[PDB]
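A single chain, nothing else alongside it, follows as structure tokens in the form solved without this ligand.
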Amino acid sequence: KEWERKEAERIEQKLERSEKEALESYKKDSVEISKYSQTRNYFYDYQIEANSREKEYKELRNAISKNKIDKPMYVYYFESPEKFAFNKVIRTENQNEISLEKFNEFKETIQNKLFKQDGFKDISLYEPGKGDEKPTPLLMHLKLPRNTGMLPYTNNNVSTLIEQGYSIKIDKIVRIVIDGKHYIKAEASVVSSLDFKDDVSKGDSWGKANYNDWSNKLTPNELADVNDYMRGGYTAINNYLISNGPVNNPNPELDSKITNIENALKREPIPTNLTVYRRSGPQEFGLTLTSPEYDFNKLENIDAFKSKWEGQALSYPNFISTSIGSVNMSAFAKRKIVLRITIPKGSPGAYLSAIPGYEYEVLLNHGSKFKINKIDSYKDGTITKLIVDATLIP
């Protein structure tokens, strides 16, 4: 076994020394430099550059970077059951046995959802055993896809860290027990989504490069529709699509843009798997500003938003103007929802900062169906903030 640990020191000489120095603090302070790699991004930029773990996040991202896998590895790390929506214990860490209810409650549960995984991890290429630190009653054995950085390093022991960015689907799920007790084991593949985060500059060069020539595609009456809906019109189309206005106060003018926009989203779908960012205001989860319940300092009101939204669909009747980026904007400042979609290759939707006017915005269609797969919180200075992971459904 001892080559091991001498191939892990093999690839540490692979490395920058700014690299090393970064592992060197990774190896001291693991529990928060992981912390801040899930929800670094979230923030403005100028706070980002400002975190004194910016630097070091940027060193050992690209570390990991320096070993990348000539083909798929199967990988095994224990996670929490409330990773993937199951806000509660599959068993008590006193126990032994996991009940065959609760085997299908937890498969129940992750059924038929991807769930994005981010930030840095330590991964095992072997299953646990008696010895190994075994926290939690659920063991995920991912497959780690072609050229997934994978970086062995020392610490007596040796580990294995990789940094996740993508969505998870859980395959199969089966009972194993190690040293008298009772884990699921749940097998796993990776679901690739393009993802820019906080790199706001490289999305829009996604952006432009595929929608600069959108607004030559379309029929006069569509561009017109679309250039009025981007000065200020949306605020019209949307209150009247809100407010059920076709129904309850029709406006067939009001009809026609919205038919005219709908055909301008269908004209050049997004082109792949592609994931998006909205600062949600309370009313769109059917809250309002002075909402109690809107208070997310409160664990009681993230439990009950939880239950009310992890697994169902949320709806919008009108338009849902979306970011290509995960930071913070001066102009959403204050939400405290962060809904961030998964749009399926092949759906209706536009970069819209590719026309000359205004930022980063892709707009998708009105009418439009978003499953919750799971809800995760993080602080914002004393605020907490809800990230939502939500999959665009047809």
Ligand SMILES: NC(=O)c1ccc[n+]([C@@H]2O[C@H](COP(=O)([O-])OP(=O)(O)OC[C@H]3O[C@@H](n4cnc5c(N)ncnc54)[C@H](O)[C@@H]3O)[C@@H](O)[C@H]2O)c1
Second form
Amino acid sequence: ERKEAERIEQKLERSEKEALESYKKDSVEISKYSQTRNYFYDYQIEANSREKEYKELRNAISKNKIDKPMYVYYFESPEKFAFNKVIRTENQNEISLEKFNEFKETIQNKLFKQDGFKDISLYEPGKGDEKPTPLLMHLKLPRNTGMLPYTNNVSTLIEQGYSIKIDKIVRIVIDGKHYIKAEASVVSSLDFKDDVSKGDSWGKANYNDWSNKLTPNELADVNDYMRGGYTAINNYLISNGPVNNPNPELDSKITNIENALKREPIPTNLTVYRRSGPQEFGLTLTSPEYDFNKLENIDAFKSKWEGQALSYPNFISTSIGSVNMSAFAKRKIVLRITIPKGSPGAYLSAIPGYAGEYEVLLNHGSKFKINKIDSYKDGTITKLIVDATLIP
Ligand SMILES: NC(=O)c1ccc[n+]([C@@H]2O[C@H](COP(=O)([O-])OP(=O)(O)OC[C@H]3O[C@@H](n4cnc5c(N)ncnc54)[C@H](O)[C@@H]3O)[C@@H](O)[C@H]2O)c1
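For comparison with the form solved without this ligand, produce the structure of the form solved in complex with this ligand.
And the full complex, kicking off with our chain again.
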């Protein structure tokens, strides 16, 4: 408890001790920063007054890893799991069976990306503890997760960077009030976020000889696509060409590119990023609904898209990195995709003379289940993070 915290403190560098002191004074804004820091430009990240703070605190946590799986407790907002409603008010004592089952239906068969610093407890909160929400998380952290106990009373810091699944929910009572206790698990996934260099090494390791697994026709067609053939190919797909104006030559190229993507399937759970334009979600740059600075437009977007399916007729390019790019400066929707191990796809940026950087291509006709949508501020512009899973 407190004694652990005083022991673990000795393991910290002076800079890490310094980061922890700031955290105690500024926990809220640092945690918030730790959740969205990787979505900005590299130069915005390096300039941020809380960036050195992030790195140091990240490092401190990694110096105390657990030797076995451990359960942790913390309260969470239901909106985190795409339940955009109160389970019950603070004044109310009961959670109805209907509201319980509505929450169950919402979280069922979904994976939820969790990120950023979080204060946890090893003990179930009781009669005299802070209970901010009606939703209590009981999450199993795997062996080797960093965990930093520290004195302020005593708290424990973790850094979330994984998907969670909710295995079971139960209605419990603490101090004459109903809560939903959620038993959750960690599903791991490779997520490079802003570390594009490490993502490149992984990509090149896994796709260096991808060309040599391709037949000559497959190789020629993939080459054609990357040399600029994608415009005609994808417009044909977007425009419903196979149905309304068939082109067998194009159909043949499409088939070969699809077979090439299935040739060396994504070897692990992978998170990728796409800065989406308005037309991917049935909008335009001048659509009033595209103004996410107005809250009713975020609600309307979530109402249409959250919990729903999105599919692309075209081949879909994504990145192993989450950072913003000037080419995408005016895009407001960041698509954050989990790609299950064994899915079609290829790191195209592993091909010697290819101009594209950090790029993973996904198969045409791909479908994504949107688990959860978040908003964030990018300067004055509100932007959206769409937490999606490729369903192959
Ligand atoms: N967008 C990303 O985050 C991303 C990531 C990695 C690589 N790239 C590559 O960067 C280059 C330029 O980026 P880009 O995104 O403008 O190229 P793109 O070909 O992906 O997009 C072209 C335009 O049409 C779009 N579009 C794509 N699918 C659509 C659909 N199903 N319905 C309607 N419109 C659709 C986009 O919104 C955009 O306005 C491309 O070569 C792309 O492959 C992009």
